[PDB]
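4 protein chains.
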Amino acid sequence: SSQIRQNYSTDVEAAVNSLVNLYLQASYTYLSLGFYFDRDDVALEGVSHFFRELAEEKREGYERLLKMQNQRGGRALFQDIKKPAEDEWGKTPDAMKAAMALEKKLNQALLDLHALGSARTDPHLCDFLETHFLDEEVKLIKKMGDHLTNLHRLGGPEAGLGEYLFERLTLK
Amino acid sequence: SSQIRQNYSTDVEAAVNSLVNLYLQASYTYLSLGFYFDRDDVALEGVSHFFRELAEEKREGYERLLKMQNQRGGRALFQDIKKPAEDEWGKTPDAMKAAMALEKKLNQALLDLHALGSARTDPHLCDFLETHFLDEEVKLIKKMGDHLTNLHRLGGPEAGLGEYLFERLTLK
Amino acid sequence: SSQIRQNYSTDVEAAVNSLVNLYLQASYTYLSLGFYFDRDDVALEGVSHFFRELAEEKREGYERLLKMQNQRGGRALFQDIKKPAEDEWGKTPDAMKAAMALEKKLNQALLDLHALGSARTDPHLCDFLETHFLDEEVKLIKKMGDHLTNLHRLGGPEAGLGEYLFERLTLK
Amino acid sequence: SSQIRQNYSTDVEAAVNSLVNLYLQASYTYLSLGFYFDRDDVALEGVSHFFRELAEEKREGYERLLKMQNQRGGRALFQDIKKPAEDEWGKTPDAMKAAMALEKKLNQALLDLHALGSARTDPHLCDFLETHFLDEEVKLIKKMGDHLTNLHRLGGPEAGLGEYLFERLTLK
Numbered sequence: 005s006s007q008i009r010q011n012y013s014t015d016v017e018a019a020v021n022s023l024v025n026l027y028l029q030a031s032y033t034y035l036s037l038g039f040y041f042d043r044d045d046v047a048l049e050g051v052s053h054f055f056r057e058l059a060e061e062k063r064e065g066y067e068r069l070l071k072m073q074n075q076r077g078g079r080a081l082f083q084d085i086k087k088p089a090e091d092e093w094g095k096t097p098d099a100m101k102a103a104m105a106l107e108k109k110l111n112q113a114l115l116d117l118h119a120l121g122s123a124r125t126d127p128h129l130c131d132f133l134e135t136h137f138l139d140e141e142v143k144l145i146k147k148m149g150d151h152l153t154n155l156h157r158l159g160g161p162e163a164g165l166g167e168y169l170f171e172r173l174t175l176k
Numbered sequence: 005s006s007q008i009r010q011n012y013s014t015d016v017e018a019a020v021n022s023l024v025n026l027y028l029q030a031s032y033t034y035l036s037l038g039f040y041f042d043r044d045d046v047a048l049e050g051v052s053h054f055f056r057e058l059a060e061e062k063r064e065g066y067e068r069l070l071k072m073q074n075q076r077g078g079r080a081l082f083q084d085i086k087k088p089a090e091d092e093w094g095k096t097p098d099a100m101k102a103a104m105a106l107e108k109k110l111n112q113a114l115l116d117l118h119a120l121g122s123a124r125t126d127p128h129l130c131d132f133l134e135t136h137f138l139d140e141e142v143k144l145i146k147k148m149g150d151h152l153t154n155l156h157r158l159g160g161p162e163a164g165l166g167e168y169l170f171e172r173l174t175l176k
Numbered sequence: 005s006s007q008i009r010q011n012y013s014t015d016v017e018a019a020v021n022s023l024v025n026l027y028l029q030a031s032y033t034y035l036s037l038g039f040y041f042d043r044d045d046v047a048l049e050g051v052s053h054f055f056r057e058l059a060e061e062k063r064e065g066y067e068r069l070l071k072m073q074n075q076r077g078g079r080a081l082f083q084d085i086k087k088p089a090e091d092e093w094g095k096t097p098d099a100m101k102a103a104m105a106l107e108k109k110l111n112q113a114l115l116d117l118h119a120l121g122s123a124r125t126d127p128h129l130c131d132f133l134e135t136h137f138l139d140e141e142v143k144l145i146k147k148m149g150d151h152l153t154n155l156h157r158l159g160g161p162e163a164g165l166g167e168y169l170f171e172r173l174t175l176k
Numbered sequence: 005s006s007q008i009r010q011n012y013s014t015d016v017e018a019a020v021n022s023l024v025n026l027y028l029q030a031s032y033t034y035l036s037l038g039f040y041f042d043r044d045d046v047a048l049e050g051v052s053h054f055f056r057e058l059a060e061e062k063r064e065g066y067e068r069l070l071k072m073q074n075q076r077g078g079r080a081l082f083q084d085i086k087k088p089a090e091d092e093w094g095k096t097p098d099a100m101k102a103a104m105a106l107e108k109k110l111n112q113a114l115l116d117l118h119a120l121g122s123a124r125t126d127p128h129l130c131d132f133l134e135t136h137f138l139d140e141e142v143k144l145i146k147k148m149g150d151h152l153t154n155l156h157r158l159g160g161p162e163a164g165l166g167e168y169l170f171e172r173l174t175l176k
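Chains as they are written, first to last, in the authors' numbering: chain K, 5 to 176; chain U, 5 to 176; chain N, 5 to 176; chain A, 5 to 176.
One chain only, chain K, in its complex shape:
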């Protein structure tokens, strides 16, 4: 089919399309989180801005995945981007838990894709995910673990005060 396609299996192409849809779902979930934390009755500009940046980073994710899909002579196959798991994300700890669960799911899908690249003997896929993704998600899951631990120390009956101090002093 493609003239440039070399050592790029149908499984890796399909798993890259599946991962693109997953980064689109994640970017859309971080869009939903990012605008939920900007609701007037949620009002956490730093938590909004944090997920607005994660929506951008997951977009740089699907865009660089699609750039690689094209560089490998794969076809970008676009499935429906399913709606985010919640329309109301609860408090900042609950949303940061959902964000971590999502990012650990993306990191799982990357690790599954890297395992598939290793099984299909695709060095360029392995390099590309190692270069742009596996360290990005590990740094970001660490960052959200730092956030979750701070949000947990800021828990208790004082959680409203703690949620505010988290947003004002950790989130820019």
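It does not matter which identical chain is meant; a pair holds if it fits inside one copy or across any two.
Derived SDA-like pairs (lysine to any residue); straight-line CA-CA distance at most 25 angstroms:
hint, residue 1, residue 2
1, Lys-146, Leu-169
2, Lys-101, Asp-45
3, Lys-143, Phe-39
4, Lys-108, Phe-39
5, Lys-71, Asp-45
6, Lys-71, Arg-172
7, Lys-87, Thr-14
8, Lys-95, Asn-111
9, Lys-109, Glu-92
10, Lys-71, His-136
11, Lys-108, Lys-143
12, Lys-146, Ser-6
13, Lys-86, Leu-138
14, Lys-146, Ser-5
15, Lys-176, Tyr-32
16, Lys-147, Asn-11
17, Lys-147, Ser-13
18, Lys-109, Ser-5
19, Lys-176, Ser-52
Because the hints were derived from the structure by calculation, they are not lab data.
Please build the complex by placing chains U, N and A on the supplied structure of chain K, with the hints as guidance.
Okay, now just chains U, N and A, sitting in the frame of chain K:
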């Protein structure tokens, strides 16, 4: 009658004078809030500065309305600027509620004036309110909703602590 | 209900959620187009870049609609972003024609939302769409009509030499 | 024997020498292409420049491989650089096909060497090829596929007009 006055009804002129008096009452209410929060027994330089800026923004409001009133060949019919509703504004949440109620009243008077401009077929009034006022009030009522939500999560038995964290970390 | 929400009907909120989903589908369709024109067997860097710009401008669109949805005390409700209607976009005229059809649909949904804002007497919605969207679409549908007229003018016994010169000299 | 040599098999050393000879043949083929497209009866200075830059990039390639061969305590063994496959490269599509086939052969030799490095458990070889070669060849085979697709759209009876417009507007 005025030589420049075109398509500018007596109702729109009178409702612009009524709205000018409302923005004057609003600046005067934000003057009262701004200096109430600078009282030694209230002592919130950031809440004071917030309402001091709103007194200025409502003053640009009545000044823009008076600029437009004169640009349309209307007459600026001034009236008593009635005293602000409270002599003492209570706590920062209570004051921010009175402020958001005042901006929702001003936004109602803009929306009523825009409905009157639509009924009297006055495009320039509609443009002027849309350009200079309706977005300013919607942004500001959003900003006050954000403040009220933060002041609400900062409520409970720690309310004195939360009230001053709100001031230093939001209003700076 | 929201504390800040004033003069913002459930119909306008729902039509803004519908238009957000439509601007999301539009950005995702421009993602499909943008990465389709970067396929090795399509290879039109300026047509890919043109639809990457439209994906970015439709992303500014749904993000700005969501910022407004929040500023009005509306709740952003997120639906599935339906798959982008094609994975194979034909030649540049076929794609530019699908893009202009999408943008005339998206401008229709804006004009319908503005008609709904006019019917619900919502000046701030009218202002917001007029300021940020109705001129965005008219400039962009004009630009795509200009592109389609040039692509049709460049239609011929090859089509592909004209299509290359379109990408090289208009989209550059 | 080398004092620094660690975890660097005789197969990987010999396959790095074989790959150096392929990058030397590739530079020599891009020298032949580069000077053929500057030939007076060919006269495509942008196509000549494109193959000169590829002769340089494949030289940066064998020089990196030789620097790495030395860093690993391997011995650079130099074989004859076989003559490049044609004296006459034909039209720009024919030459770009010979180039894209040559980069697919060079990328195959990288992938074979990476498979050998993985089989010999050589992480530094894998890192080195991933860092400096596998992405360079994938980007370059993509770039040549983009060139070929433009050169095919610029094909048909128009032929020489398309060959000129390719060189003038893609290879500026």
